[PDB]
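Have a look below at one chain only, the form deposited without the named molecule, in structure tokens format.
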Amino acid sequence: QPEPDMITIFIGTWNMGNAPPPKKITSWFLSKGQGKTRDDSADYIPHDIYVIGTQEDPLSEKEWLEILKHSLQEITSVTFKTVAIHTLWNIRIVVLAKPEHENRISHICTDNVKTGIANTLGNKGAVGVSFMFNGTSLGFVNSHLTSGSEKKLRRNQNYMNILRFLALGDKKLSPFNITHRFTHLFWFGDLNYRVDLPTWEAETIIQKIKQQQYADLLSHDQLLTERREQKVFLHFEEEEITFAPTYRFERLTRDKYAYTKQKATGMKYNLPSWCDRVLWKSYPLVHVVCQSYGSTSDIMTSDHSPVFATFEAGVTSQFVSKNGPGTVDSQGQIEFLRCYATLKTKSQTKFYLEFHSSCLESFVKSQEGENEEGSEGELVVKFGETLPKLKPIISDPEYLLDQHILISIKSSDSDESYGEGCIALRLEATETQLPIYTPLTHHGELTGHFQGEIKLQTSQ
């Protein structure tokens, strides 16, 4: 049986509004309703992995697992295995996978982050799962962020706290947060960003939704506008939204949006909004294609509609040679030429680089670079030709071209990272000097750039 080079992943996010689900939720897992839907001809074909995020979930883990497994069985006639389940308060993540994948999946991690202090620590935060699928790392985050049209800043703070403090993936990647630890990172949930228009425009917004004219509404979506201004989800992708706002509906129909202020809302308006979202971040030049992104029309127990997204995701095999793992393959090397970091920091310390990759036996510290002043005020850290020669464990190009090098630039004084980035080894040529580039981030904020040239030698 050949190892896969592609899998499909189902991502679901549903704020259940503290109500039991109805008896049939199969439309969700079939990506049927509004938006980018899945072709009918695929209905009997199981996804490899199903990741279900819920918020305001009133069910026990046992109750929800039984509904999910029975749903997938009815659709596909496959009995899915449970990879992971993690619940913080009423926020839950379930990872199910085809039985054939049991022995491909390892290094299963779960964590949660609680957002807010005293007042605002009580019910919002995130849960997550990570694991290895053969040679590919996969991360999944389900977040319920702060509610309310006037709290978009709070939501961006909740996001930053979750990405800094969620402990998933390989703990040896100590300078790297979850936005660098995975080949593919899926981040979904009730992100609670709103359509930011005047309250007086509510009936006009509803009119626009009934005409399926979302363009004027999406131009005021806080997640898109905050993303555009690099305030949140920097370097993440989202598929185009072509489904109606998934919030806030009257229960037991989808014909009415309940937007008017009520005691039960703290006297806040809930203008129709795309609260419920799926975003992703994959390492450079890895295959990732969104094949569906939409909302169900027929599940009406909650004031939110379920959202589905499906993805084709590139995976690699667990490579073994005569040499690595357990030694270097002296036929392979990675060289860096004319490298310099540009940092936004106003500090003056010396900096050095760390290279981390599963293609290395362990991480590699460089010598200190030479600080110069950029023409526009920037700190430029010059490495020239001084960066070490990296010795991959395997030189076979079918392995090595599929790998990535994570880079941290660290202060000599404190050993704290000032920036993290990622370089693909999927080069246009081997044994050829080729430009490389990564933005650098720290706590998910842009802190600079790394650029130069690479020269990769494989056994070919």
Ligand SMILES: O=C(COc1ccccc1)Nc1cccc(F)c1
The other form holds:
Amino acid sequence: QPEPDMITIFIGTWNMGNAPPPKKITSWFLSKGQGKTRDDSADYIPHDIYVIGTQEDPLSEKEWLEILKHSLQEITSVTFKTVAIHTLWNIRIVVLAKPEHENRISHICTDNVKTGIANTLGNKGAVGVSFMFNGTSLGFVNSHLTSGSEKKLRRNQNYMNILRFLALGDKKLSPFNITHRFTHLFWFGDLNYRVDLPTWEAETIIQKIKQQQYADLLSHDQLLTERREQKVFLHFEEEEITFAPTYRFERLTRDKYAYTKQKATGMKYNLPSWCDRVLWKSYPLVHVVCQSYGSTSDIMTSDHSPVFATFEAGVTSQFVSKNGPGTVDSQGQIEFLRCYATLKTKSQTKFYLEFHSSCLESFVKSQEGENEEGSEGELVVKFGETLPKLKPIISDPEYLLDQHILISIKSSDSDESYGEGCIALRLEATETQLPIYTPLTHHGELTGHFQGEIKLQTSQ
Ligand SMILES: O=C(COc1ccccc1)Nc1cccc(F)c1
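Cool, the form deposited without the named molecule is there; where's the form solved in complex with the named molecule?
Below is the whole assembly, all chains and molecules, this chain first.
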């Protein structure tokens, strides 16, 4: 029975509005409704993994698991296995997988982050799950960010707190936050970004939605504008939105948006918005294709509609050779030529690099670089031809070309990371000097760049 080189992943996000679900929620898991929807001819084909994020979820874990499993069994005639479930307040994540995957999934981690301080600590934050699927690391974040049209900067702060403090994946990757720990990271939830148009325009917005004319609304969506200005979700992807705003509906229909200020809303307007989102970030040159992104039309218990997204994702096998794991394969090596880091810092410490990868027995520390002053005021740290030669555990090109090297540039004075990035080994050539590049981030914000050349030797 061969190991897969691809899987499909379902991501769902639903703010349930503290109400129990209706009897039938299969349309969610089938990717049916508005937007980019799934072909009817796929309805009986199970996804490999289903990841369900809820917010304002009133159910017990047991109650929701029974609904989810019975839903999937009705669709697919498969009894899914529970990989993980984790709840913070009314924010919940469930991961279900085909039974055939039970002995492909390991290293299951869960965590949560509570956002805010005093007044604003007690209901917002995030839950997450990570695991290995054979040779591939997968991370999943369900966040419920701060509400309200005039709190976009709070939402951005919530995002940075969650990616700093959510403890998922391989703890040995100590310089790296969740935005670098996984082959594929999916981040979804009630992100709560709004369409920033004047309150007076509510009925005009409703008109546009009825005409399925979303362009003049999406051009004001706070998540798209904050992402374009590099204020949040740097280096994440989102499929184009082609479904109506998923908030705020009158319950028990989808015919009416309930936007006007009420005591129940704190006298705030809730103009129709795409609060409910799915984004992802995968390592460079790994296959990831969004195959659906939309909302259901027939689940009406909440003031939000459920959102679905599905993906094809590349995975690799748990590779064994006669040498690695448990030794190096001296027929393999990774060399860096003419490498330099460009950093936005004002500091003047010496810096060194750390190279982390599951193709190495353990991480590798470089010598300190040579600081120069860049023409436009920046710090340039030169490594020249000084970087250590990396010794992968396995030399087979079928394995090595699928790997990635995480790079941290650290202060010699504090050993703190000033920037993290990732280089793919999926090169155009082996035994050939080739350009490499990654942006560097710290706490998910841009701090610099790393560029140079690589020379990869495989057994072939
Ligand atoms: O241990 C587990 C997960 O089971 C639990 C235990 C407690 C709460 C939630 C889930 N293994 C597992 C591994 C691979 C695939 C799979 F479907 C399941």
